[PDB]
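Participant: Listed here are the chains, written in short residue letters.
There are 6 protein chains.
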Amino acid sequence: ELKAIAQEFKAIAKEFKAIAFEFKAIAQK
Amino acid sequence: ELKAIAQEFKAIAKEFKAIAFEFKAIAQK
Amino acid sequence: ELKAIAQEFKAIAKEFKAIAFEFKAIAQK
Amino acid sequence: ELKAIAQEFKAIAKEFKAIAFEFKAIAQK
Amino acid sequence: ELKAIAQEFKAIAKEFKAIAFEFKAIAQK
Amino acid sequence: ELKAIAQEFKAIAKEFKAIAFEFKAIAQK
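Chains as they are written, first to last, in the deposited numbering: chain A, 2 to 30; chain B, 2 to 30; chain C, 2 to 30; chain C', 2 to 30; chain B', 2 to 30; chain A', 2 to 30. A prime marks a further copy of an entry chain.
To be clear, the hints were calculated from the coordinates, so they are not data collected in a lab. Do not rely on the hints blindly, as some may be mistaken.
[As the list claims (entries may be wrong)] SDA-like cross-link-like pairs, simulated, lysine to any residue; straight-line CA separation at most 25 Å: (1) A':25 to C:7; (2) B':30 to B':12; (3) C:11 to A':22; (4) C':11 to A:3; (5) A':15 to A':3; (6) B':18 to A':8; (7) A':15 to A':26; (8) A':25 to A':4; (9) B:15 to B':14; (10) C:4 to A':21; (11) C':4 to B':6; (12) B:11 to C':30; (13) C:15 to C:5; (14) C:11 to A':18; (15) A:18 to C':12; (16) B:4 to A:9; (17) A:15 to A:5; (18) C:30 to A':2; (19) B':25 to B:9; (20) B:25 to A':23; (21) A':4 to A':18; (22) A':11 to A:21; (23) A:11 to A':5; (24) B:25 to A':11; (25) B:4 to A':4; (26) B':25 to A':26.
Generate the whole structure from the sequences, applying the supplied hints.
Facilitator: Now the structure itself:
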C-alpha cells in the first residue's frame with residue numbers, strides 16, 4: 002500500500018500541473 | 002478556467018482524503 | 002508517529018475541499 | 002471571497018510543515 | 002529515501018506559505 | 002502576480018512528482 006500511496010501522489014502532481022497551466026492562462030489576459 | 006480550477010481542487014481533496022486512510026492503515030498495523 | 006501524519010493529511014483534505022467550494026462560487030460569476 | 006482561500010492555504014502550509022517535521026524524526030531512525 | 006521525503010515536504014510547505022501571502026494581496030486590492 | 006501564483010503551483014507539482022518516485026522506491030523493497 003506504499004505502492005498505493007505513491008500512485009496517489011502521482012495523481013496529485015498531475016492535478017497541480019494542470020492548475021498551473023490554468024492560472025497562467027488566466028494571467029495571460 | 003475558474004470552473005476548471007474548481008474541479009481540479011475537488012480532485013485533489015479526494016486524493017488527500019484517500020492518502021489519509023492509507024497512512025491510518027499503515028499506522029494501525 | 003504515522004498517526005500524526007495520518008491526521009494531518011485528513012486536515013489537508015478538509016482544506017482543499019473548502020478551496021474547491023470557494024472557486025466554484027467564484028466561477029459562478 | 003479570496004480571503005477565505007488565502008486563510009485556507011495558510012492552514013495547509015501549517016500542516017505540511019508538521020508533516021515534514023514528522024518524516025524527519027522518522028528518518029532519524 | 003525517508004530523509005528525501007522530509008525535505009520535499011518542507012519545500013512544499015514553503016511554496017504554500019508563499020501562495021497564501023499572494024492571494025492575500027489579490028484579496029487586498 | 003497570477004503569473005507568480007502559477008509558477009508556485011508549477012513547483013508544487015514538481016515536488017509531489019519526486020515524492021511519488023521516492024515512496025515507490027521505498028515500496029520496491
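Participant: Enumerate the violated hints, using their earlier numbering and listing them in ascending order.
Facilitator: Numbers 2, 4, 8, 11, 12, 24 and 26 - these are the hints that the structure violates, sorted from lowest upward.
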